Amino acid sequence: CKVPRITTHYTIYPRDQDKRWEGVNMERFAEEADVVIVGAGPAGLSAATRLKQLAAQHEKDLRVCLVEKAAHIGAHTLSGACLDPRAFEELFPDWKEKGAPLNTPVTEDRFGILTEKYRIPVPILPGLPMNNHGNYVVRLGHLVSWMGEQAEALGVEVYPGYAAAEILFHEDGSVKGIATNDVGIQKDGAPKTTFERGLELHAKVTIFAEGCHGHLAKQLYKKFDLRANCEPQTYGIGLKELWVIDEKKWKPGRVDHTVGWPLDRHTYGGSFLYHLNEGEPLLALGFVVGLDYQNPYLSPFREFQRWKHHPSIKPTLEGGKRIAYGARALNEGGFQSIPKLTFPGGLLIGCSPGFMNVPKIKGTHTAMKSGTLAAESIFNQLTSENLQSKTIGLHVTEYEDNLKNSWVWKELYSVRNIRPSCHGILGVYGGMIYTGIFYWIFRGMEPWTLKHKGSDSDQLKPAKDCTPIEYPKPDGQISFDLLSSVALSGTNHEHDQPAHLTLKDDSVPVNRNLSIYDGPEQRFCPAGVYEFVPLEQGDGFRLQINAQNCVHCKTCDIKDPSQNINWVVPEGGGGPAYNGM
């Protein structure tokens, strides 16, 4: 075999055009519901939950199906988790007696600027966006688990292990619903004796809650020109691990943040370190890097691992034990990047569209609120008559009206010029100055709205123009390698199936990427999926994709300079097995 025809997924090579599928029967069974939700995350659950609450209250019949990639609810949830109860309490005011895991109220807020050798404390005032009074630090994965339970209790039909891989359209052109991934296909594309076609879930309205950079929404944006009046979404990559530390250095309810070292003024990013108070002396810590970074030699992961060695942070994990690892991409575009949320037959909610309060690093509370509103507005239209036709799929335009008048809108508006102010000659340090001027003093009142530099993908410089970064070697106690890390994420997929990291053209990673940027996919991926392998013999290399290690963070679909990669879902159930991350 060859070069090696790295891509074989049906989305790029339709099996309706390859002979090997000549006699297979593609007939799918189908299920009818009123509302189908895609993604069992905080938003998707909020929507599902609220819809069944409304149904019960006015006692009417509502079938609500919720699909999820994860083997089980919460398995794919990754966050640091500092929660603003606002939307959650709205949905579950009775939460304290029903068991929800909000057990760590924030007690101390800290923030510092790091240099190679020192930590410079920054005062945090009562107006600023890094305040956390009345907020809780949680284990998002557990909370989501808890929510799924309530949902199930309310009568929501949850289907974990089922990934939506196809968008179903009606003949008029509106969304009819989705189809779950098929199963039983070999790495090469050929159907296995165990081939089975996925499920078809038809609804009047489909909710898309795929989170940050969902793959369905990605094609949804094109189909209905949803990004027509906004700037492209900009992202960051968040790396995280869980630690068990010395009870002596545990300070429950403390929330830490930092900026600076090991990053250079022009690379947006920082850490977060949260002391849980759920029983064990447990720490939730991480690092974020803005995927708008310029140097091809930069590695988010090596930066993270390198960060824990700062003399202000190392002592705290000194003699501790790391028990988990994971990564997820997050939104940073904020206000300027919110697209049109509705189209005939479906809605967008949560971080798929993007309601992230970047400076606060909070996107859970808004995510939930959007789910609440979505649910209310959809109930409002199935409970009425007044037909909007020639779109067999409803267009719940009222969802967007209501979202714009909620606190969500004004919250994101108020912090819209913070991230953008980081593109000055002072990089993020200038952004800090902006926060003290225009926000602490004017609470974001300024009569203008700054713009983003554009897509994160064209922000990379050619390798020959940059200097490579010399990262330390992991000591195996504070900093670890990539493979032990992937191991601690619990991620796994059936090996015999086409790689879900699809390529539009199998030649650009070697001709363009390795050539010009020196293969950045080998470093921006936090799970070592892409590697450039020497060729059997002659010269050059070949790209080897170890799809089995993918932790579904979506960073590659975002950062690839050649926008040649398109993340798609692998058989349902595959992926990380996160527990309380």
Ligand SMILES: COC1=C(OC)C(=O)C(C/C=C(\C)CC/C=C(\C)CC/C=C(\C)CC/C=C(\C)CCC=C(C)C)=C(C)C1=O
The other form holds:
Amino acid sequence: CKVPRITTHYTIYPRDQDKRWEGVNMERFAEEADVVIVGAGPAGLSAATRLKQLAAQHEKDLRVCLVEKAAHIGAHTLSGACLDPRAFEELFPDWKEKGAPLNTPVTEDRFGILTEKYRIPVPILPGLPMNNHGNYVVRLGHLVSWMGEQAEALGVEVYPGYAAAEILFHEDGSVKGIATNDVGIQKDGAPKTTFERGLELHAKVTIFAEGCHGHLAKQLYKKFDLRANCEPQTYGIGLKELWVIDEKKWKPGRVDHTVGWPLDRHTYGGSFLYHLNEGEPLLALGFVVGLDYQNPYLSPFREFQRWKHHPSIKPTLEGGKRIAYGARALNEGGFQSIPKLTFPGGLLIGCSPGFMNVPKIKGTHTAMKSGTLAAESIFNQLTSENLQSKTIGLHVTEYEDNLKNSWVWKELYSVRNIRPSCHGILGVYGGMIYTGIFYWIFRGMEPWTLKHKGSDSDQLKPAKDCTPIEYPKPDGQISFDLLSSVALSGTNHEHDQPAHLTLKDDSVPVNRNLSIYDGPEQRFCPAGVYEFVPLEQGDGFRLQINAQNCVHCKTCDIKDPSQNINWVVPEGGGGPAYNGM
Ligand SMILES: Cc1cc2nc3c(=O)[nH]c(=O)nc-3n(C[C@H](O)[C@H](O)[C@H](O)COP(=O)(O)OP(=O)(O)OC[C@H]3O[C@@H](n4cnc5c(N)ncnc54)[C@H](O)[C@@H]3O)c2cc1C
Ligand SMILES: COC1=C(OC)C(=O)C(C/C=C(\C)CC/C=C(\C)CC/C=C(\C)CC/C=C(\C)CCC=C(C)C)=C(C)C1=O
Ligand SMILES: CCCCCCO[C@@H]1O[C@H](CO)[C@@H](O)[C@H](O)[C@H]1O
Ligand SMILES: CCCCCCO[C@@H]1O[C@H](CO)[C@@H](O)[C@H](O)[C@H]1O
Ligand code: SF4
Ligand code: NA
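Moving from the form solved without the ligand, what structure would you give for the form solved in complex with the ligand?
Every chain and every other molecule in the complex is listed next, the one we just looked at coming first.
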């Protein structure tokens, strides 16, 4: 054996095309519902909840099935989480006595610009977007878990551990529904004696709420040419760890943000540090880096680990304990990047299509509202005659009409130029200047909309033209390595299954990436999944994919300069085991 056909997933090598599957029956059982929702995130749960609420108010029968990758609800949820209650209280005006975990109202907002040695404080006025008056600091994972609890109580059929692995289409071309992941296929693609076909969930309308860079939505965009009038989405990667600190340095209700060191002015990114007020002297902290970065040598993980040593931060975690680690990609393309959210047989909500306010670093409240609106609109179409056809699947276009008229649209429109304004000669500092003028003073009224520089994927420079970055060795107390970090994510998968990190051509990572960019996949992956192993015969490397370490952040599918990777779901239940992240 060899070079190793790293790729054996059925999505690249159809088993309808390989002899090893000759005798196997691929017949799947099917279940019928009115609405099928993919992803138990704040958006999917908002949609599900509201739909079962609308059903109760008007006494109608509605079968709503919600499927999620996570072993249990909230396990793949990663956010820093400063919450704008606006849409949440709309869905649950009753939350306080019903027990929702919004125990930390923001009491102090701080922002600073860092240099290697110091911190420059920045005045936070009520007029800027980094103002958190009226908001809560929360462990999104727990709020999500709480939501799944209310959803079930309302009659929603929640299915954690089930990954939507395949979109179903009616012959007229509209979406019929989805099928869950099959199970029991070995690493090489061969069927096991335990092979088991997935479940088919049919509905009049399927809601897609996979979050930032959903793998089914990525293909949905293609199928219905949904990006026709929009700039492609732009992203950033968010790394995060939970810490237990010295009571003496615990300032409950405090929200910190910083820009500057260790990033150069042309690399977008920053930190967040929030003091939780849920009983323990706990801190949710993390780092963000725009995947539009240019240096192939940059490592967002090392930037984050190195960031903690800055003198304004290290003392705070000194004597502290790091108890969890996770990473997720987020949207930063904002308004200019919103695709068409509707098509025959389905809808897109939440960060999958992307409603993130990047300067506020908030996308949960808007993801919730989109779920609330999509629900109201769908129930609305299920409750009439006014029959639209030839698409057995409904085209709930009214959803986009109403979203365009909600506060969500104007909020995203108003901060649309902040992220793109960071592409000037002053980089992120130019963006700050632009924010003081056109937002703080003109609230984004300027008669124009700036554009992004294109896809994050073609923003990389060749390694020979750049200078490697010298990162410090972790000290095991404030900074750690990747392996220990992966352990604190509790992520895991059945080892004997084909890699879900699929390659379209098994030779480009060694022939192009390593050759031209020096294998950026070994540094942009926050989990150490891709590694180049020294070749046995003579001279080079081979790429090895350690699919079991994947935290499902979706970065590699976003940043690969050769766009040769396609992330798909592994067997349901695999991945992070985040608790209140
Ligand atoms: C580091 C970081 C910090 C952040 N800080 C804030 C903040 O302070 N405030 C704020 O409002 N927002 C913040 N956000 C953003 C916030 O987390 C998101 O906007 C929000 O979670 C988006 O929600 P969602 O409901 O679309 O999906 P997500 O929370 O992304 O969840 C999508 C769900 O879908 C599941 N899924 C995906 N594909 C499939 C499939 N095919 N089959 C089954 N299940 C599937 C996933 O497992 C996941 O649970 C932050 C994000 C990051 C990464
Ligand atoms: C952790 O996440 C992150 C942030 O959030 C904490 C960020 O910010 C940034 C970077 C910068 C951006 C997005 C531009 C945003 C604007 C800010 C932060 C406003 C702060 C300061 C201003 C506006 C200074 C005042 C302006 C002056 C004096 C100009 C002169 C004339 C007048 C207007 C009177 C990044 C990369 C980030 O990752
Ligand atoms: C041109 C500058 C004029 C004076 C601004 C006065 O008062 C302003 O109140 C708002 C709150 O509404 C804050 O956001 C501003 O930072 C503060 O300066
Ligand atoms: C600063 C980062 C991106 C924004 C591009 C804006 O530059 C333009 O400059 C001229 C001055 O020459 C102004 O009169 C215009 O109103 C402004 O849009
Ligand atoms: S393989 Fe991809 S999706 Fe998994 S953690 Fe690494 S970059 Fe994220
Ligand atoms: Na557009």
